[PDB]
Structures are given as structure tokens and as C-alpha cells.
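Asks: Each chain is listed here by its residues.
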Amino acid sequence: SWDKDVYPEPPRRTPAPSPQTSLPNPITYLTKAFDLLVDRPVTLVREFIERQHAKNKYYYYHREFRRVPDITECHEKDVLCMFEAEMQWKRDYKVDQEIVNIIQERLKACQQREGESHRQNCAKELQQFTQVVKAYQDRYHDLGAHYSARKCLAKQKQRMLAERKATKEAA
Amino acid sequence: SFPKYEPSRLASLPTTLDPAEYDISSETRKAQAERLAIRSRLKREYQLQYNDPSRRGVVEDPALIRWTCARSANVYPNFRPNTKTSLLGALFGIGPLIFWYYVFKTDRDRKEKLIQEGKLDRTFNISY
Amino acid sequence: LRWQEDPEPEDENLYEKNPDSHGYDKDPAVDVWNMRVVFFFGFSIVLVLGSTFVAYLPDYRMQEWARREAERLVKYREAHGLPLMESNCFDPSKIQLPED
Amino acid sequence: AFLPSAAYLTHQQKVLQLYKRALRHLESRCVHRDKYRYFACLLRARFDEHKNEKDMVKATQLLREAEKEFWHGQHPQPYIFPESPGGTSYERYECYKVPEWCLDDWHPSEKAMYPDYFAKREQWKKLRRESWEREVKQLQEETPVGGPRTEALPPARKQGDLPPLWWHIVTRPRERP
Amino acid sequence: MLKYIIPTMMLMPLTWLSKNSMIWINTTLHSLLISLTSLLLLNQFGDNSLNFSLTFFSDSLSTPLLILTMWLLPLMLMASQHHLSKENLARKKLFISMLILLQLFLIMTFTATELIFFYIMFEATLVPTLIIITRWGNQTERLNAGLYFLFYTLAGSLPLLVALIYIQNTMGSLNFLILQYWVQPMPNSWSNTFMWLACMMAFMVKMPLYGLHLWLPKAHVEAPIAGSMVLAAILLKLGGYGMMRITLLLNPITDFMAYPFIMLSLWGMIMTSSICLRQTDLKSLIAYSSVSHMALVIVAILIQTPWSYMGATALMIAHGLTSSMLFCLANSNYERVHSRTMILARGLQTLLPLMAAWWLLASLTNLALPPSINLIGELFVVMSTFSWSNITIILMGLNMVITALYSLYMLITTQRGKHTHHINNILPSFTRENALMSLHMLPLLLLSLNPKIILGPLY
Amino acid sequence: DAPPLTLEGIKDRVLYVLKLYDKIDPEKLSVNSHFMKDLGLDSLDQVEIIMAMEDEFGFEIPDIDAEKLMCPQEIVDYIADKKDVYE
Amino acid sequence: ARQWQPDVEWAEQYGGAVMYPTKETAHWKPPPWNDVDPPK
Ligand SMILES: CCCCCCCCCCCCCCCCCC(=O)OC[C@H](COP(=O)([O-])OC[C@H](O)COP(=O)([O-])OC[C@H](COC(=O)CCCCCCCCCCCCCCCCC)OC(=O)CCCCCCCCCCCCCCCCC)OC(=O)CCCCCCCCCCCCCCCCC
Ligand SMILES: CCCCCCCCCCCCCCCCCC(=O)OC[C@H](COP(=O)([O-])OCC[N+](C)(C)C)OC(=O)CCCCCCCCCCCCCCCCC
Ligand SMILES: CCCCCCCCCCCCCCCCCC(=O)OC[C@H](COP(=O)([O-])OCC[N+](C)(C)C)OC(=O)CCCCCCCCCCCCCCCCC
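Listed in order, the protein sequences are those of chains Z, p, w, t, M, X and 4.
For the first sequence, the entry's author numbering begins at 3 and goes up steadily by one.
For the second sequence, the entry's author numbering begins at 1 and goes up steadily by one.
For the third sequence, the entry's author numbering begins at 24 and goes up steadily by one.
For the fourth sequence, the entry's author numbering begins at 1 and goes up steadily by one.
For the fifth sequence, the entry's author numbering begins at 1 and goes up steadily by one.
For the sixth sequence, the entry's author numbering begins at 2 and goes up steadily by one.
For the seventh sequence, the entry's author numbering begins at 1 and goes up steadily by one.
Excised from the complex, chain Z in its bound form:
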């Protein structure tokens, strides 16, 4: 399974079967045949394999990188500090890429799930998508194939000079 907060789903409301006709639908008989002939042997094989897993339990770990100093507090041409800052920046860029991927998965799952009323019922996922794509674009777009933390810092300083000039001229 997964975490139901990073991948949220609304509660499922299925309607009760209310048959109006006297004809038996084939879907219930095929569902019973799928439960007997397919689902129970698959379940028994998986219970066997799960017992064999439980006989020898062992663990793996999610690697925790501590925060090293970033590129702003590295002296110029100091490769030992700015190497670590560059590696930290590359890891954070890869993680931001996967954050955008998570929010896109939420948007697409909402569009399939809400169906024909998807446009009204997926405004929150669309708004989160717009915010995270604006943040990703301000942070990483137009850096080029030879991106670094220096290119990203120069882009941020250009954007902050533009924002400071726009704040100054509007006051």
C-alpha cells in the first residue's frame, strides 16, 4: 500500500443493486465464477508466498541525506564546498521533479475518477497543479542542459531584481 495523504482519494459511494427486471444479469454469475475459479487460487498462492516471506523477514531503508551548505554560502571557486552544494541541489531538483509528478498523478486520477463532471470537481487538484508548476518553472526552467546551482542562483537573483524593481516603481 501507500500513504493516503500524498495520494488522496475521496470516499467511494457505490449504489446498492436495485434490479427492476426479472432477467438475471450475467455479470453477477461471472463475478461469482471469478471469485471461485480465479480469486481464491490466486489468494491461496499469495498466502503461501506471504508465509514464505514471513519465515525470513529483513528490511531496507530510505536514505536520509543531511543538509549540507548550499551554493550561496560557498566561496567562489571552492570546489570542496560547492561540490557538496551542487550535489544537494541536484538531489533537490530530482525530488522537485518527483513532486511535480505526484501532483500530475493526482490531477489525472481526479480527471478519470470524477468522470463527466471532472471540470467542476477537480478545481483543487488543478489549483495545486498550477501552483506547483509555477514554482517548478520559476525554480528550474530555461537553465539548459548544463544546469547547476550557480545557474539556478543567477536565475533567482535576476528574478528577485525584477521583483524588487517592480516593487520600487509601484511605490
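What the hints contain is simulated information worked out from the structure, not anything from laboratory work.
Among the clues, some could well be false.
[What the hints assert, rightly or not] No more than 25 Å apart at the CA atoms, straight line, and that leaves these computed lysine to any residue pairs for SDA-like: (1) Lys69 (chain X) <-> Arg172 (chain t); (2) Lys43 (chain p) <-> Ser131 (chain t); (3) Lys6 (chain Z) <-> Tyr99 (chain w); (4) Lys159 (chain Z) <-> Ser116 (chain w); (5) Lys92 (chain Z) <-> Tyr83 (chain w); (6) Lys83 (chain X) <-> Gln17 (chain t); (7) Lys111 (chain t) <-> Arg174 (chain t); (8) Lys159 (chain Z) <-> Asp114 (chain w); (9) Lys218 (chain M) <-> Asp61 (chain p); (10) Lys418 (chain M) <-> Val98 (chain t); (11) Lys418 (chain M) <-> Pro173 (chain t); (12) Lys43 (chain p) <-> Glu141 (chain t); (13) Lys97 (chain t) <-> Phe60 (chain X); (14) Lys153 (chain Z) <-> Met171 (chain M); (15) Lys83 (chain X) <-> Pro78 (chain t); (16) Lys125 (chain t) <-> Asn41 (chain w).
Add chains p, w, t, M, X and 4 with the ligands to chain Z, keeping to what the hints say.
Replies: Using the frame of chain Z, we list chains p, w, t, M, X and 4 with the ligands on its own:
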């Protein structure tokens, strides 16, 4: 009367509508017989090799070798830089380069101006 | 006339003296062992075990980690009301701008 | 114009080829058999009118304006027989017409599957290689000086000889291999 | 990197001490073992490159080129052992020594941490290739071919040398790892303009750039089969690798220095692909198709986006496998009819059906049929060039028409139609030949299952 | 599908089409009846005979071959050669 | 179908007095083999 057939480069004149097809003159008979003689000599020279039991390989055609040598290796020994080859080499060689240069340069100058003026809709553009 | 030259040798057919030829050598034992070397070390060793090696690379260029770490950060900042991503990669408190 | 034996078409051959092309195009225009049969008799009557024409300049002129007549009145999609050039089944089976020399490259395990066939193939190959030198020396003692004039080949003249250059005519693939 | 360099050098006593009947078997076996060993280079990280020593490193750009390089040597030995069967034994060992030496120079060309050692291995590759072409090529023109291949390279690469030494005097280092952190912006000036040309034109010749490409349809055509395999599959990619390393130092001047070359590539892939429609020599057609495919890699490296670099390295690996297979197929017909004329031997599917299936698969990968890595690289370059300018799709899409047209025409001329009547020496396909085709085509198709290992350092 | 032709079947069908032709009396016709020298027919009649053979057997005889088929036996031999009968 | 090797026509281009005979250097003959001229 009837609409006369107008031959084109990609729609040639029919054999039955050509006026030189009905030439019964003796010099055309000599030309046709001499072409038949050349074709019969080449035919015999081919099928004496083609029907040979001892032969196992490729009956080399010097006409094919001659064609492939003319298409590749004889071109530069028979090139002369003159008015025609220079005006065709510069029209079809650097003409399209100048054309696509100005097209792509004008497009990217216009797009760069729209982006730096905040006018190009780049809202969900994060892959590039 | 022209000089003293060997004529063109006729092109050999490996299937004439060896109709079971694999095309590696005219000696049939060398031919069969060249075939076995090519097929065992090429298909049985490099292709099969190499595709198995590539299939089980330990998280090639930390993509899976990067999803899982992203699933941490989203879960940290959905709950704490923070935005999912800042526009600033670096803290604006630790940036000096050139004054004007 | 382009023929293997003759260097040209005679006037009589041009008239007959025009007559056959005109009847085939008239049958394409005139789909039904009685209607074609009526107009084919009318076209035969048009060809029989100038049949006894002794002036060859007048006959050549009539042939030339009859070709203009045909070119105006031809069908845009005439009927083509299916295995005929331009037909829908023309050269369809050429992918199945494997030449006979490929049987020389068969493995002995698949030649042993057909013992009597290959035993009968070897005596054809023996017949061909003992006929070859006799038919070459037949061709060079019968071709005039300067080469052959036409592409026609002679028959065998002795009892025991095969016709010269016979193997790829005789051992050609079937039309339905 | 020395766990690959030393076995590659140990192939030299292995070929020179082998018994005379064993020199193909032993070198094929142990070069396949080196190629199996080459997968340990796939210890790549999302942030750091795999940095072995002061002299050698391997990121995700150099790693697939290394695996392809080490894979191509057994396939070159298999491709070359038949036409060198009647050769003198010592000349046969010298041929294998030139291939081994070329592998040795290539694997430390791609892993050279420092750029002048990259230059020396990069130019060291010329000498075995020149020797292989001029000594074991089949025709007269190989000699002239060996001159063009030698002198388009050096005339481009001797200004690179000077340029690199200038960087050595300016930055103090030519370590690529140091230059990742000490790169200074290269402003607009005439000095930096000719700095840009000196850094780029050697790799433009190696790719080849259109207009500089004339050495290739002589060098790849007149070469023997192993020569053509390594020239199309590996040595063209020295230019793309070198551009992807050297354009770190060339920003932001590249943003207008690329404009002529991009034009030369975008129109050039229209030209050379069109040239493939009228080629009578099959091996020349495959060579011009290589020029057309490398034009996309030039455009993708010059526009320098993440999508374009990913597409360019995928297209380099895919083109390596596909062009090497196409030269081997054309050689398998040349070793039967002894002519490279494409219209000569026709209808070969009636005679050689499994080899016709190999022709079909190599043609489908040449025209970038999805989901092949040919199409992955092609498509990603097309995405990035559409983002560069939306009009490029015209010159992109028209190229994909013509690329289909020459790929199937090659397939229709040689495999389909009626067989040539007078050609009767079409032997059934040897196990070596089908093996060579499968060792090209099966890894090429298996890379579609997991293409992330050929997407380069910014996957 | 496609029943195989025999020499007797081709001969019967050729003589059948020629017996259904009003310029040939069916009692004088044989396999060796020359159309011009024995049957007294025109060259246009010979063209029509070859066209009826083409319509009968469903394939085209070219004009360089059609002009030389001057008896029923030559027609039968031509159709035999173009259809490979008596395999 | 074997490898081309240089013929007499290819090799005679390397036996002249110079490599590129012009109008001026066309009376030049190659030097003697033992580099000894007759004493005249
Ligand atoms: C890691 C494990 C992986 C396991 C799965 C395998 C994954 C793919 C690997 C590569 C497979 C290629 C092998 C077969 C083709 C080459 C040989 C050949 O022609 O043999 C004919 C022969 C049978 O024919 P025959 O009658 O005897 O003689 C042939 C005739 O002469 C006349 O021949 P013909 O013309 O009649 O027949 C040829 C025919 C001709 O048909 C075509 O050319 C049409 C194909 C294109 C259109 C249809 C496909 C379009 C794309 C859809 C498929 C991909 C996506 C699907 C997913 C859903 C959508 C996303 O081709 C086929 O039928 C081959 C089927 C597979 C085609 C794959 C695509 C090739 C097209 C070009 C590139 C396209 C993009 C790349 C796709 C890569 C996908 C992984 O086949 C064999 O004997 C097979 C031998 C064993 C093959 C082993 C394959 C794996 C090798 C890898 C070893 C290491 C890992 C271990 C895995 C082992 C698994 C068993
Ligand atoms: C690589 C650069 C140099 C290039 C030349 C290299 C040549 C040297 C050769 C070295 C060895 C080979 C290297 C490449 C290996 C690539 C293969 C590989 O590793 O794959 C891993 C891929 C990776 O897939 P994955 O990423 O999902 O794997 C999950 C990861 N694990 C296993 C850890 C959970 O493996 C698979 O895909 C295995 C699944 C089964 C295989 C596919 C089955 C279906 C195939 C198609 C079936 C038909 C579909 C419909 C079509 C109908 C007919 C047309
Ligand atoms: C394959 C065929 C084509 C190959 C093309 C190869 C590249 C073309 C351009 C090469 C220019 C020469 C090398 C430049 C090296 C740059 C190093 C550098 O620091 O430059 C800045 C330096 C600047 O000098 P500086 O750096 O010492 O000055 C200090 C800095 N400033 C300027 C601020 C004071 O440039 C030069 O000194 C001159 C550069 C231009 C040189 C012109 C002469 C050569 C012309 C081109 C010849 C090309 C090959 C010809 C043969 C063709 C085939 C036969």
C-alpha cells in the same frame, strides 16, 4: 476534328501517334536493323554466359558498372566551374541556408521578445 | 603484354566441403567450436545475464528514492499548510542583491 | 518498333494490332456481349472497307487517322486480363518462382527427403553439361561473321543434340509453383 | 577504469600467442567477457558521476558509449573473420591488433577526466582506423579515403588542441570535474568567436556536419566491414560526446554561434536523406543515412536542453546499433555478389528469408519505428527542437517522410521484386551471419524495455 | 478451385470455339487445318480467332505470338506451354 | 574481387624526378641508381 495529343515531360507521346513510326525509308530500315544487330549480339553474349553450366556467380554487366561509375566517380573530372554551375551551386547550396536562417532567426527573436515582455503563454511549460 | 600476375582465385563455398558449416571456419571442429563460443558467451552469457543485471540495477540514478523522498516532503507540507514547492530555490535571507 | 526477331512492324502487323486493340477497347466500352457483338461487326465492316487498298501511302494515311480515331475513342480503364501486364494478378507469383539452382544449396538431410527427385535431377544436370559444348559449337558454326542478326536461335540439327541455349527455357519455374 | 584497460591490452598477447586456428575464437570469447564486464559501469548516481581516479570517470553519457564500444569488438571480429580467411596469419593478427588498439583508445577517450587526454586518445583513434581502411579496404579509393578521413579531422582538431591549451592557461585546469565548478561565462567577442570555432569544429567534422561530411561516404564505403562498423557506430559519436563535454565552457556565446550550424544540420538532414533516395551504392546509402541521423544529434547538442541531450544520446546509441547492423547486412550481400551496387542483386527474400527478416527489422529501426530507442531519441530531439522554434517540425517531419522512403526503398530494391536471373551464387545464410545480425538487433530491441540507461547524464 | 488443363481438354475447347464460328464449317476442321491455306480465312479472322481463344482460356496471347498461330494445333501447343500442362 | 594492389600504372607515378611535373620541371630525369654520373 479530334483533340490533338499534347505530349508532356511526364506524359510522353504514344508510339501509334508518332509520325516517325510510319517511316518506311531505307535508312530507317538500316538503323532499325543495326539496332537489332547490336541487341542480338548483346543478347547472345549474355545468354552464352547465362546458360553455361560451369558458371557459378554473377554475370557482370559492364553497362551496369559503367552506369554506377558515371553516377559517382566521373562527375568531378567532368565538372567545369562556369556561369551555370556557379549560379546553380549558389542558388541551391546557400540559398536555402539563408532562407531557413532568416525564418528561424525571425521566429526566435519574436518569441524571445514575447517571453521577456511577459506575453508568451508559458504557463505549464516546464519540459524543454 | 602485361606483367606476371596470379589470376583471380574463385570464390570459395564453405558448404561444398562442409555442408554443416556455420560459416566461421573451413575446419569443421573449429567451425563448431567458434559457433558454440559465439552463442554461449554472446547469448547465454552477455544477453541473458546482462539483461538480468540491467533489470535489477540497484535504483539506477536514484529515481525510486526520489519518488519516495518526494512522498515524504509532500506529506510533510500538505499537513503543515506549507506550499508544495517554493518559487525560490534558495532562501532570500541568504542572498545579497547588487543594490541600485 | 521493338521486337526480338523482326526489326520492325510491317503495315499489315500494325493494322492487325490496331484491330485487336480497337476490339478490346470496344468491348470495354460495350460491356454486354450482344452489344459488343453488334458494334464489333460494325468495326469489322469499317476495317473491311479499306482492306483492298493498293496505294500504300493512302493505306498508311488511313492507318494514321485510324490511330487518331482510336486514341480519341479508347477506354480510360480498359479490361486487362489478370495475369496480363497491368492486371490485378500480374507477376503475383514471382515471389514463389524459386530458381532451380537453389536446389544445389540444399542440405543433404533435406535432399534425402526426396531421393528419386534428386536422382532424376542429376541426370538432367548430366544431360545439360554433355549438351553444352555441342550446342556452343553449333552456335558458332551457324552464326554469321559480325554476330547474329536477329535474336532467333536455331533448333537441333542432329539426332542426339539438344537445341542450343535450352536450359533456362526448359527448367523455368511454373506459373503456379 | 583500469579493470577494462588491462583486459583490453591483454587481448594483444591473447591474439599474438594464440594457435593459428584459434585467433578468432579466443579474441571473440574474451572480448565478449570484457563486454559482459562493462555493465559494472552502470553504477551511476542521480547527482554524482562515477569518478574512479584523477584520470578517469564515467557518467551516464560515457557509460552507454563504453558498453557499445566494448560490445562492438566481438561483432567486428565475427564480421571480419570470413573475408580475411585467406589472409596471411601475421597480417590477420595485425588486423585484430588494430581493432584491439582502437577499442583501447576509445574506452579511455570516453572516460578521460581531463580534456587534453581526451584530445590525445581522440586523435589516437585516427591511426588504427586509417590503417584498417587503407590496408584492408578492398578498392583503390581507400587510399584517397584514408587521406580525407585523416585531413578533415586534423585540420579541425589542431585548432582544438591550441584552444584546449588556452583553457589550460586560463582556467588552470582541463579536468572536466573542476571545469564544472570553475566555468566562467564566455561573452560575445571575436576572440571568443574563434575560441568557439576551435572548440567545436573538430567535433563538427567527426559528427559529421553537413558540408564537412565528404570524408564519410569515402571512409565508410571504402573501409572493410569492421572499419565501417566502428566508424559508423562509435567514431561518429566521439564528436557528439566531445560537443556535450565542451559546450559547458561555451556559454552564452553558443546561443548565437549555433545558428549557422543548426541551419547546416536542419537543411543537411533534408539533403543527405534525399541523397539516399538516389544512391546506387548500398553502402554509400547507409553512409549518407548516418550523416542524416547525426544531423539531429548536432541540432540537439547545439540547442542544449535536457530533452535534446537525452534524445541525442539515445539517438547516438540507437544509430550505432542500427548503422552497424545495416553495414553488416550490406556486407552479407557483398560477400555473395562482390558488388555494392544495390540494384544488382534483387528479390533476395525469395532466396534468403530470415536475412530478409533481419533487413526488415533493421529498416524499421532505421525509420524509427516506435517504441525503438531510435524513435525515442528521434522523438525527444523533435520535442526539444519544436520548443526551440515551432517551424522546425516542418524540416523535422519532412525528414521523417524521406527517412521512411529511403529505408523501405532499400528494403524493396534488395529484398523484393523478382530475383536476378543470372546471379546463382546466393548461398544460404551462414550461422555466423544470422548471429551477427541478432547480436546487433536483439540488444537494440531489448533497450526499449529499459531505455533509461541510454538517456544520458540528465535523465 | 482451378481445375488442371490437359492437352485433350485444351484441344477439345479450341476445336469447340472454332466449331462455334460461322466462317468455319465443322466437318472440314481438324487440328492441322491452316486458317488461311486450308480454311480460307482472312488475317482479321485469325485475329478474331485468337481473341476468342483469349476469352476462352482467360489469358492474353501477345501479338508477336498471336500472328504465328495459324492452325488449332499451334494454339493448343501455345496454351500448353503457357500453362505447363502434362506435368 | 580480391583486394586491389597497385599496378605498374599506379607505381610509375612515384618514379618521376618530381611528384608534380610542370612545364619547367619536365626535362628533369631521375638521378642514377648508384648516384654516379659518367666522367664525360
Ligand atoms: C528481458 C526479457 C525480454 C523478453 C521479451 C522479448 C522482448 C523483445 C526482444 C527482441 C525480440 C526479437 C526476436 C524475434 C525477431 C528476430 C528474429 C526473427 O525474425 O525470428 C523469426 C523466428 C520465427 O520465424 P520463422 O517462421 O521461423 O522465420 C522467419 C521468416 O524467415 C520470415 O520472418 P517474418 O518477417 O515473417 O517475421 C518477422 C516479424 C516481422 O514483423 C515485423 O517486422 C512487424 C513488427 C512491427 C509492427 C508490430 C509491432 C509494433 C510495436 C508493438 C510491440 C512493442 C510494444 C508492445 C507493448 C504494448 C504497447 C506499448 O517479426 C516478428 O514477428 C517479431 C515479433 C516481435 C517484433 C518486435 C518489434 C520489431 C519491429 C522494429 C522495432 C520496433 C520497436 C521495438 C520494439 C521492442 C519491444 C520490446 O523467430 C524466432 O525464431 C525467435 C527466436 C528467439 C527470439 C528471442 C527473443 C529475445 C532475445 C533476447 C535474449 C536475452 C533476454 C532473454 C529473453 C528471451 C525471451 C524468449
Ligand atoms: C546499452 C548501451 C550500449 C548498447 C549496446 C549494448 C549491447 C551489450 C549487451 C549487454 C546486455 C544487454 C543490455 C541491455 C538489456 C536490456 C534488457 C533489460 O535489462 O530489460 C530490463 C527490463 C526492465 O523492466 P522494469 O524496469 O519494469 O523492471 C522492474 C525492475 N525490477 C525487476 C527490479 C522490479 O526488464 C523487463 O522488462 C522484464 C519484464 C519481462 C520482459 C518483457 C516482457 C514483454 C516483452 C514484449 C512482449 C510482447 C508484447 C506485445 C508485442 C507483440 C509482438 C510484437
Ligand atoms: C575542418 C576545417 C575547418 C576547421 C576550423 C577550425 C576552427 C576555426 C577557427 C580557428 C581559429 C584559430 C585557433 C583559435 C584558438 C582560440 C584560442 C583563443 O584564446 O582565442 C582567442 C585569442 C585572443 O587572443 P588572446 O586570448 O591571447 O588575448 C587576450 C584576450 N583579449 C582579446 C581580451 C586581449 O584569439 C587569437 O589570438 C586569434 C584567434 C583567431 C585566429 C586567426 C588565425 C587562424 C584562422 C583560422 C584557421 C582555421 C584553420 C585553417 C585551415 C583549414 C584547413 C586547411
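Asks: Work down the list of hints and note, for each, if the structure agrees.
Replies: Structure-based check of all given hints:
{"no.": "1", "hint": "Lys69 (chain X) <-> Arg172 (chain t)", "verdict": "23 Å, holds"}
{"no.": "2", "hint": "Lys43 (chain p) <-> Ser131 (chain t)", "verdict": "20 Å, holds"}
{"no.": "3", "hint": "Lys6 (chain Z) <-> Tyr99 (chain w)", "verdict": "13 Å, holds"}
{"no.": "4", "hint": "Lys159 (chain Z) <-> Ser116 (chain w)", "verdict": "12 Å, holds"}
{"no.": "5", "hint": "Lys92 (chain Z) <-> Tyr83 (chain w)", "verdict": "15 Å, holds"}
{"no.": "6", "hint": "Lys83 (chain X) <-> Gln17 (chain t)", "verdict": "21 Å, holds"}
{"no.": "7", "hint": "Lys111 (chain t) <-> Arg174 (chain t)", "verdict": "21 Å, holds"}
{"no.": "8", "hint": "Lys159 (chain Z) <-> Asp114 (chain w)", "verdict": "11 Å, holds"}
{"no.": "9", "hint": "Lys218 (chain M) <-> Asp61 (chain p)", "verdict": "24 Å, holds"}
{"no.": "10", "hint": "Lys418 (chain M) <-> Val98 (chain t)", "verdict": "10 Å, holds"}
{"no.": "11", "hint": "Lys418 (chain M) <-> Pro173 (chain t)", "verdict": "12 Å, holds"}
{"no.": "12", "hint": "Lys43 (chain p) <-> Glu141 (chain t)", "verdict": "17 Å, holds"}
{"no.": "13", "hint": "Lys97 (chain t) <-> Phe60 (chain X)", "verdict": "19 Å, holds"}
{"no.": "14", "hint": "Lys153 (chain Z) <-> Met171 (chain M)", "verdict": "19 Å, holds"}
{"no.": "15", "hint": "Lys83 (chain X) <-> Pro78 (chain t)", "verdict": "23 Å, holds"}
{"no.": "16", "hint": "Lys125 (chain t) <-> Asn41 (chain w)", "verdict": "22 Å, holds"}
When each numbered hint is compared with the structure, no violation occurs for any of them.
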